[PDB]
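Let the hints inform the model, and build the full structure from the sequences given.
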Amino acid sequence: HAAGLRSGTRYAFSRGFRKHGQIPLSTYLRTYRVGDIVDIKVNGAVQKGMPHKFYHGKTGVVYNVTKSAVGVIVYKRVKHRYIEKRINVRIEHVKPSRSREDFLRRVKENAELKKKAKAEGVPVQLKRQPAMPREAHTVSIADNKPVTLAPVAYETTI
Amino acid sequence: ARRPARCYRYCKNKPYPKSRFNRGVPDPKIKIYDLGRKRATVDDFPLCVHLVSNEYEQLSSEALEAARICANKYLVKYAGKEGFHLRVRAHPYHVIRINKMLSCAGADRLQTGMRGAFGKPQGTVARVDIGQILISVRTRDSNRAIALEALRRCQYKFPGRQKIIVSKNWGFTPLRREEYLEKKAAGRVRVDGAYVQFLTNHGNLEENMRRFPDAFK
Amino acid sequence: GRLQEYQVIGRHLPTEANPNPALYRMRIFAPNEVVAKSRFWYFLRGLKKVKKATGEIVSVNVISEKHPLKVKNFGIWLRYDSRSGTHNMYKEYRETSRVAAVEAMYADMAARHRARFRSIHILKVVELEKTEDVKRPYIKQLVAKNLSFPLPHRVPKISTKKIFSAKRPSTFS
Amino acid sequence: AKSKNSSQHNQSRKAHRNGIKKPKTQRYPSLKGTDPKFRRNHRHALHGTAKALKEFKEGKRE
RNA sequence: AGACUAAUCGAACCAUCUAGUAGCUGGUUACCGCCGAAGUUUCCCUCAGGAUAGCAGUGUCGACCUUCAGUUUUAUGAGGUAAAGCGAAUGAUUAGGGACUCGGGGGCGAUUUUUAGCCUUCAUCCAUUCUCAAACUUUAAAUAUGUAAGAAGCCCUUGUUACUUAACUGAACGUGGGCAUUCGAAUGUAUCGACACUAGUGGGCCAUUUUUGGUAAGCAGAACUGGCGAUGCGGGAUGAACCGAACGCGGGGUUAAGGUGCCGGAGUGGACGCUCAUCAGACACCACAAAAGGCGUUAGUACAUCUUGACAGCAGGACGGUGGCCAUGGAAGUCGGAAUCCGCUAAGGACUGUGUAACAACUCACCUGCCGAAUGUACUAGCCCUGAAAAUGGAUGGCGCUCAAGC
RNA sequence: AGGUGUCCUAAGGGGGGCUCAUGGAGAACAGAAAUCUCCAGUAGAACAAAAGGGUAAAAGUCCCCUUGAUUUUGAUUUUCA
RNA sequence: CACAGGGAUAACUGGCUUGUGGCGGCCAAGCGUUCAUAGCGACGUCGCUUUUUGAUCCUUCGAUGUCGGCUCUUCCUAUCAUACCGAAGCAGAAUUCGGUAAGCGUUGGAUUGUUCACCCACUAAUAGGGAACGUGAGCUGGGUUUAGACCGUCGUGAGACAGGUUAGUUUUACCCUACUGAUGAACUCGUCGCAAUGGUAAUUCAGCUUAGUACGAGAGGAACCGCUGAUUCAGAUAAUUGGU
Ligand SMILES: [Mg+2]
Ligand SMILES: [Mg+2]
Ligand SMILES: [Mg+2]
Ligand SMILES: [Mg+2]
Ligand SMILES: [Mg+2]
Ligand SMILES: [Mg+2]
Ligand SMILES: [Mg+2]
Ligand SMILES: [Mg+2]
Ligand SMILES: [Mg+2]
Ligand SMILES: [Mg+2]
Ligand SMILES: [Mg+2]
Ligand SMILES: [Mg+2]
Ligand SMILES: [Mg+2]
Ligand SMILES: [Mg+2]
Ligand SMILES: [Mg+2]
Ligand SMILES: [Mg+2]
Ligand SMILES: [Mg+2]
Ligand SMILES: [Mg+2]
Ligand SMILES: [Mg+2]
Ligand SMILES: [Mg+2]
Ligand SMILES: [Mg+2]
Ligand SMILES: [Mg+2]
Ligand SMILES: [Mg+2]
Ligand SMILES: [Mg+2]
Ligand SMILES: [Mg+2]
Ligand SMILES: [Mg+2]
Ligand SMILES: [Mg+2]
Ligand SMILES: [Mg+2]
Ligand SMILES: [Mg+2]
Ligand SMILES: [Mg+2]
Ligand SMILES: [Mg+2]
Ligand SMILES: [Mg+2]
Ligand SMILES: [Mg+2]
Ligand SMILES: [Mg+2]
Ligand SMILES: [Mg+2]
Ligand SMILES: [Mg+2]
Ligand SMILES: [Mg+2]
Ligand SMILES: [Mg+2]
Ligand SMILES: [Mg+2]
Ligand SMILES: [Mg+2]
Ligand SMILES: [Mg+2]
Ligand SMILES: [Mg+2]
Ligand SMILES: [Mg+2]
Ligand SMILES: [Mg+2]
Ligand SMILES: [Mg+2]
Ligand SMILES: [Mg+2]
Ligand SMILES: [Mg+2]
Ligand SMILES: [Mg+2]
Ligand SMILES: [Mg+2]
Ligand SMILES: [Mg+2]
Ligand SMILES: [Mg+2]
Ligand SMILES: [Mg+2]
Ligand SMILES: [Mg+2]
Ligand SMILES: [Mg+2]
Ligand SMILES: [Mg+2]
Ligand SMILES: [Mg+2]
Ligand SMILES: [Mg+2]
Ligand SMILES: [Mg+2]
Ligand SMILES: [Mg+2]
Ligand SMILES: [Mg+2]
Ligand SMILES: [Mg+2]
Ligand SMILES: [Mg+2]
Ligand SMILES: [Mg+2]
Ligand SMILES: [Mg+2]
Ligand SMILES: [Mg+2]
Ligand SMILES: [Mg+2]
Ligand SMILES: [Mg+2]
Ligand SMILES: [Mg+2]
Ligand SMILES: [Mg+2]
Ligand SMILES: [Mg+2]
Ligand SMILES: [Mg+2]
Ligand SMILES: [Mg+2]
Ligand SMILES: [Mg+2]
Ligand SMILES: [Mg+2]
Ligand SMILES: [Mg+2]
Ligand SMILES: [Mg+2]
Ligand SMILES: [Mg+2]
Ligand SMILES: [Mg+2]
Ligand SMILES: [Mg+2]
Ligand SMILES: [Mg+2]
Ligand SMILES: [Mg+2]
Ligand SMILES: [Mg+2]
Ligand SMILES: [Mg+2]
Ligand SMILES: [Mg+2]
Ligand SMILES: [Mg+2]
Ligand SMILES: [Mg+2]
Ligand SMILES: [Mg+2]
Ligand SMILES: [Mg+2]
Ligand SMILES: [Mg+2]
Ligand SMILES: [Mg+2]
Ligand SMILES: [Mg+2]
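Chains as they are written, first to last, in the deposited numbering: chain LT, 3 to 160; chain LI, 2 to 218; chain LS, 2 to 174; chain Lb, 2 to 63.
In case anyone wonders, no lab produced these hints; they're calculated from the structure.
If a hint is listed, it holds; no wrong ones were tucked in.
Dumping the calculated DSSO-like pairs for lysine-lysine here, alpha-carbon to alpha-carbon at most 27 angstroms:
{"id": "1", "chain 1": "LT", "residue 1": "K78", "chain 2": "Lb", "residue 2": "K15"}
{"id": "2", "chain 1": "LT", "residue 1": "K78", "chain 2": "Lb", "residue 2": "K23"}
{"id": "3", "chain 1": "LS", "residue 1": "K131", "chain 2": "LS", "residue 2": "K73"}
{"id": "4", "chain 1": "LT", "residue 1": "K97", "chain 2": "Lb", "residue 2": "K23"}
{"id": "5", "chain 1": "LT", "residue 1": "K81", "chain 2": "Lb", "residue 2": "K5"}
{"id": "6", "chain 1": "LS", "residue 1": "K92", "chain 2": "LS", "residue 2": "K67"}
{"id": "7", "chain 1": "LT", "residue 1": "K81", "chain 2": "Lb", "residue 2": "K22"}
{"id": "8", "chain 1": "LT", "residue 1": "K87", "chain 2": "Lb", "residue 2": "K23"}
{"id": "9", "chain 1": "LT", "residue 1": "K78", "chain 2": "LT", "residue 2": "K55"}
{"id": "10", "chain 1": "LS", "residue 1": "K71", "chain 2": "LS", "residue 2": "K141"}
{"id": "11", "chain 1": "Lb", "residue 1": "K3", "chain 2": "LI", "residue 2": "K101"}
{"id": "12", "chain 1": "LS", "residue 1": "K136", "chain 2": "LS", "residue 2": "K146"}
{"id": "13", "chain 1": "Lb", "residue 1": "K22", "chain 2": "LT", "residue 2": "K87"}
{"id": "14", "chain 1": "LS", "residue 1": "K67", "chain 2": "LS", "residue 2": "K136"}
{"id": "15", "chain 1": "LI", "residue 1": "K121", "chain 2": "LI", "residue 2": "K32"}
{"id": "16", "chain 1": "LS", "residue 1": "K158", "chain 2": "LS", "residue 2": "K168"}
{"id": "17", "chain 1": "Lb", "residue 1": "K38", "chain 2": "LT", "residue 2": "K97"}
{"id": "18", "chain 1": "Lb", "residue 1": "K33", "chain 2": "LT", "residue 2": "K43"}
{"id": "19", "chain 1": "LT", "residue 1": "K87", "chain 2": "LT", "residue 2": "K60"}
{"id": "20", "chain 1": "LS", "residue 1": "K71", "chain 2": "LS", "residue 2": "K146"}
{"id": "21", "chain 1": "LS", "residue 1": "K136", "chain 2": "LS", "residue 2": "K73"}
{"id": "22", "chain 1": "LT", "residue 1": "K60", "chain 2": "Lb", "residue 2": "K22"}
{"id": "23", "chain 1": "LS", "residue 1": "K131", "chain 2": "LS", "residue 2": "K146"}
{"id": "24", "chain 1": "Lb", "residue 1": "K22", "chain 2": "LT", "residue 2": "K78"}
{"id": "25", "chain 1": "Lb", "residue 1": "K23", "chain 2": "LT", "residue 2": "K55"}
{"id": "26", "chain 1": "LT", "residue 1": "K87", "chain 2": "Lb", "residue 2": "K33"}
Have a look at this one:
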């Protein structure tokens, strides 16, 4: 029984099938600012600035920006309490996250949709609601006559 | 040695095949799998019968050969050496261990008890499921009674419960008897050594025509 | 139990690619309409790729006997599970309605073959129109010409609270 | 003699006994770990902007 | 002889140091009220013991802050287990066919043979075929898991700097202004945040699903959750852990698990069937029984025969060519060897036996007369029976029970 | 089922040209196997060592120059109180 | 050799398990001159038992006296003999396989501490086991297992050896229950009787006769009744003989 830094990462850090080789070059052209939401995904090819296996899949908030790395803040759950962790990750491993895009899309839409009604003068009912039970309707059997079914007798295949 | 078969009846461990990690396993007991006229054409033998399992258990290598010999003798005597083809479709790849309590930990005491109790290889066994096929026989249509009796006689060497089913296919092919007969008349079936190959109309047109001359008229 | 026949009609939820899906109808024997719907989804899950989460129920009705005061013979086709394997049978019954035959069949299979309600499928129930299509011999004797029979050795009924009778009873009722 | 080696049977119930406490987020995070070069300049920037806004009463009126 | 030295000797007896030390046994004194545990993490010549974190009590302060959550919904990330795959890589594995001769082996036409002659047995290659993988994989679930759902928000205008840019171009932090008529998913909030001091515990055990070593164990070792320990009450006759359900002192009403022939509070209650045991059977955990058999009985599957009349019994007949070809002291159906046609018919065989030196006689086969509606073979699964042998007398809890008081 | 108490002035750092294992067809002595030439070749080679991951105008291979294996102290991750 | 403790931990019974040990089935290639199943049974496979030995460590370390024999009672059947029967490759005689059956029996000695074993002789027969591996306030103390002493191998030495050898203290019942016998209050004192329930007993062999008969080519060679005695056991008795 041993506990190394990369123990148990046989499949986690490996590249996929038919995906070895050159790193797509658009990765290094992205930009980050403090307060952004990023998520960690370790790339096997790059061996520098690689975070521990615990953070492979977690999401955090950028708090520092440097020449080729960003600082992320993530919350770790030790038994009975949470702890704040600060890690340094090379940009080949981080990626912008679409977790908050639905919220940012909705706030812009709400502001403009509320503006037009206030000029017009009608309530909007803007906030969302869960799915409701269906309503009454009618179904016609014209040229859609139902077909009768029945269970089938036992039969041997092989 | 050779503990009674009652002690290794239930699948209780993950599969343990022979590899570069375990070494020194004894050579299995069964070698031959096909018997009889094992090179007849498909058209000669249109009747097939099966011996289907009905339990999730383990079948020893020793028992597999005992049933093979028992069924072979009856078929040869009553149907002729050239009137059937028998195939055994269960292969033993699972290795069962033994803890020699007195050989390893007797006389000279060394260490006795349950201390260091990982065992040594002792034999080879086959894993089967519900509905799995065990033994198949193909022959003529006039040998239905002989084939059924031969299979019924050889189940006394197996533990558990087994059934006998007369298949609805043609020989060992995975086609219905009616479907294969009419497809062959269309020229889409070509003869091979004891088996057949089928036309697939998804290649270059040149050699599909010579391989199946009767398909195109 | 105490059953009655329903008809229940279901449908796959309509979608933009397939508006107006097909309609399926079954006949189900069930104590009440709450379990009548449940059996419909069970039988349909074995024939088409439809679930309850992606379907809906169009209509459920009650079918009543047309002539519940006429005696007639019935025949039932069914499959069931034994302790090892599945089988098919065909039995017959004599009574006045369709509903009671299913009641009689369920009690019959539970006694002679130890088959529960969980493991019986009903394929088809048909009323035998003629008299020469009766197969089983325990119904042929009940349709003989000029049937009549006595009832020997029938115990009289005595109140269960009246102990210590004063004279010997008789069995010639 | 021999005894039990390890266990985790009652740890989950013990932790949830009085809650799993998440530290409170707050408006102004600390600047520990930020690179010093940006830290030095940020100090000079805030010194000037306070003086300019202080002069707003007898001065620029921006 | 480790013998004897005042009943004391492998180091005498008497007082004092001395209330010698003990991680180890034993005990530790009135009542009521409220809250209420741990056998687990890290280190120790540590494993019968201590320190450290956790679980626990009490004292409070900050607001009554509208903050919060062992939960669902909507949007968006991570994974390599169950299953699946091998005419897909690596590893294992069964069988024929086609193509090749110079790969090895054995022949042939004069083993002539440098004859790519004629043969062929392995090997090789190509299109197919039968089974597998805890330390193999192109694919890939269910259950669980990270983040987000705004006032500390969104938008416009333009000050500071020693950082950054060719550059007031950016970057962080800001002044001023604009946006509520609705602060932007559900449900709950019978319990919000922070601090101080300290007790006991650090031998654990049982069960459903997943699961490792072992022939197996009331055996040894783990993961998620619920229990006993620390806990009575109603059912399982009895029984720390199973089912129902958790407790201040009483009165009336209704149930749960389990029960209603008697012991025993409440049915010898109702409907349709199955079973007869000279070892019946009788309620989860649970206190045991298997392979293989039955013309005991019940229900069912398939095929074949039958009013042109079968199955059983009795009753009539049982014919030619021809003693066939052969065999021969003699064999005429019937020692033996090798063939199997025809006449007459409704039917009787160049015959299944008995039998003659050899014929004969006799039987069977086949068909006919009598009768009155069913019959034959092979399989499937219910209760019951055989398989079924241990030591004091004996236990469905007991009595006893048979269209049950059994299933 | 296996491994460690070591080894290296390059087997460390920068730059540049080239492409490997293997197979088919050819050339005096030369053959199963020596050196030379062309075509195919997704890594089936190589990278000090146990096993897993990673690498093709390179992280492999040869050539050219060098000592970031240096100086002053802080923050962060893994085992974890 | 000593002390503080431990059934958190071994050596013996009991409990769970049955690998090994023992015992019993199912299938049918073949053996048996011919013929799978009179009598056997390969290759496989399903069970039972707790008189073998292992595995485990739940109960006892402020103690449950630890080998064997002698003595005495009872229970189990997987039946060695005896009673009555069914099968055969059962002519007779002698044997072999199976059923109902535990009523009744199962011995005397040489060597060894032995359990186990091995020979001599008799017999209808000399079957296998349980009861805390029955049985020490019942005995005995040969063995093992304190202190004395000797040898061999090992150790520099003190000493070690499931290697051999010789000498070595065996305590208490009057209490409660159980068992074997003996008295006895209450309804006046006596004599003569009935019988609920509990206990229960007999066992085996030989000679004569049937008969040198049935059966068989021969060699060989039985049985039922009938008659008279004997072995093991049980309850009494003292005329005679013996002992005191
Ligand atoms: Mg690990
Ligand atoms: Mg990956
Ligand atoms: Mg490095
Ligand atoms: Mg055995
Ligand atoms: Mg296992
Ligand atoms: Mg512990
Ligand atoms: Mg708990
Ligand atoms: Mg001495
Ligand atoms: Mg003195
Ligand atoms: Mg003295
Ligand atoms: Mg002294
Ligand atoms: Mg003193
Ligand atoms: Mg003191
Ligand atoms: Mg003292
Ligand atoms: Mg209280
Ligand atoms: Mg409380
Ligand atoms: Mg210890
Ligand atoms: Mg203690
Ligand atoms: Mg508290
Ligand atoms: Mg995987
Ligand atoms: Mg894994
Ligand atoms: Mg799998
Ligand atoms: Mg797949
Ligand atoms: Mg493969
Ligand atoms: Mg392969
Ligand atoms: Mg081949
Ligand atoms: Mg896997
Ligand atoms: Mg999610
Ligand atoms: Mg500790
Ligand atoms: Mg402590
Ligand atoms: Mg313990
Ligand atoms: Mg303790
Ligand atoms: Mg218990
Ligand atoms: Mg355990
Ligand atoms: Mg234990
Ligand atoms: Mg409780
Ligand atoms: Mg109780
Ligand atoms: Mg009970
Ligand atoms: Mg009832
Ligand atoms: Mg009552
Ligand atoms: Mg009744
Ligand atoms: Mg009877
Ligand atoms: Mg039956
Ligand atoms: Mg029938
Ligand atoms: Mg007839
Ligand atoms: Mg029985
Ligand atoms: Mg009873
Ligand atoms: Mg009983
Ligand atoms: Mg009861
Ligand atoms: Mg009834
Ligand atoms: Mg009752
Ligand atoms: Mg009932
Ligand atoms: Mg190891
Ligand atoms: Mg270099
Ligand atoms: Mg380089
Ligand atoms: Mg380079
Ligand atoms: Mg690789
Ligand atoms: Mg750890
Ligand atoms: Mg103990
Ligand atoms: Mg056993
Ligand atoms: Mg033979
Ligand atoms: Mg037999
Ligand atoms: Mg055998
Ligand atoms: Mg034992
Ligand atoms: Mg013990
Ligand atoms: Mg003790
Ligand atoms: Mg005691
Ligand atoms: Mg005692
Ligand atoms: Mg003696
Ligand atoms: Mg017996
Ligand atoms: Mg006998
Ligand atoms: Mg007796
Ligand atoms: Mg003697
Ligand atoms: Mg014993
Ligand atoms: Mg004893
Ligand atoms: Mg004594
Ligand atoms: Mg003794
Ligand atoms: Mg005693
Ligand atoms: Mg002695
Ligand atoms: Mg001594
Ligand atoms: Mg002394
Ligand atoms: Mg010496
Ligand atoms: Mg000695
Ligand atoms: Mg002695
Ligand atoms: Mg002496
Ligand atoms: Mg006495
Ligand atoms: Mg004579
Ligand atoms: Mg004589
Ligand atoms: Mg005699
Ligand atoms: Mg006497
Ligand atoms: Mg005298």
